[PDB]
Structure formats: structure tokens, C-alpha cells
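Engineer: Each chain, letter by letter, is given below.
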Amino acid sequence: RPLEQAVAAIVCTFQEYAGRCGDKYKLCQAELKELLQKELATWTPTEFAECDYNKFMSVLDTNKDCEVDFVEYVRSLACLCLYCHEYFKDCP
Amino acid sequence: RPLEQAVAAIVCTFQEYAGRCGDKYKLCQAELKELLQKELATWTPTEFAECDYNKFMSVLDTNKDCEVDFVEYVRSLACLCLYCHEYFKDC
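Chains B and A, in that order, are what the protein sequence lines are. Per the deposited numbering, residue 3 is the first one in the first sequence, and the count goes up by one each step. Per the deposited numbering, residue 3 is the first one in the second sequence, and the count goes up by one each step.
No lab work stands behind these hints, which were simulated from the structure alone. Every residue gets a Cβ at the ideal spot worked out from N, C-alpha and C, and that includes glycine. There may be inaccurate statements among the hints.
[Claimed, not checked] Partial list, derived from the structure: chain A residues whose beta carbon lies under 10 angstroms from chain B:
1) 27
2) 72
3) 75
[Said to hold, decoys possible] Distance condition first, Cα-Cα at most 25 angstroms in a straight line; then the derived BS3-like pairs of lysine-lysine:
4) B:26 <-> A:28
5) A:91 <-> B:26
6) A:26 <-> B:28
7) A:91 <-> B:91
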């Protein structure tokens, strides 16, 4: 089922980055930034999302806390949808 | 790229359920329950997760608030990983 494959893949990608070194359940925000920039390279903000997207991406670049857990990683994917996927163009 | 395909698919599934009727940006918890039970049918809790998984699923069955937005839907997927995916067995 498509969603099963997709959610397996989202764990796979987390494993790839979090498993590099140290705590296998945590990313640094620098690693999360790298992940999003490499693994979603083609995703760009929709016409009204630009400023929220820019604020989002700057926070990752500035913040260097390393307590990004799986749930926070998946939240970041969700936010990138709200910014970059046309379905949410007109969402509050 | 595998992640791009995956995250597109997660939006697709949301659209399928949220687009049925009413507000296309919202689910009811009943719809979220149906989604998880149908679309992740084969996923079951790891050895230590059973009680957290059961609490999670019961909350969906009892609660009939309809303010489940995309971010909450994706959070629910993440929680199901923590419960059901072996990577997180010892998390």
C-alpha cells in the first residue's frame, strides 16, 4: 500500500542521517537542514508561502540544538508540505 | 528521490480522505482512524509499545473532534512509527 511504502521510506531516510554517529534517535538541526536540502531538493515554496518557508529554513541554519527527534523530523516534512505543495496553497 | 516520492504520497493520502466532503484541510478523528486502519493495515506494535499503541488508537475511537489538520495527521504517522517500526523498539 502506497502509504506503507511512504512511511517506511521516511523512517529509512531518518535512519540514514541519524545513524551516522552518536545517538541513533536524534539529529542535529544542521543534519536536518542537510537532509531537507538534499532529499527534497526540488521542493520550493508556493506563491504565498515564501516568507514562512524562508523563516523556517533560517531557523534551522541558525539553531544548533541537537535534540531533533523523529517526531520533530516528521513535523518538518509536514511544514515543507504546507509551504511547497500546491494542495495547501490556500490553507490558512 | 525516495523521500520526495514518499512525502508526495503522504499528501495524496490526506487529500483522498480530507477531500471526501466539507473542509479539504481537515479530518475528523473518525476519518483519521479509518485512514490509519486501512492504509497502514499491516503495521502492528513492537514488543514494548503495545500499551502506548492501544492508548493511541483508543483516543482516536473515543474522540470525535474534527480539527485534525495535516500536521496532526503526519504526527499520527510518526507516532505509529514509534510504536510499530523496529528501528524505534528501544527508543
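Engineer: Each hint should be assessed against the structure and marked as holding or not.
Structural biologist: Evaluated hints:
| no. | hint | verdict |
| --- | --- | --- |
| 1 | 27 | holds, 5 angstroms |
| 2 | 72 | holds, 6 angstroms |
| 3 | 75 | holds, 8 angstroms |
| 4 | B:26 <-> A:28 | violated, 33 angstroms |
| 5 | A:91 <-> B:26 | holds, 12 angstroms |
| 6 | A:26 <-> B:28 | violated, 33 angstroms |
| 7 | A:91 <-> B:91 | violated, 37 angstroms |
In this structure, the hints that do not hold are numbers 4, 6, 7, in rising order.
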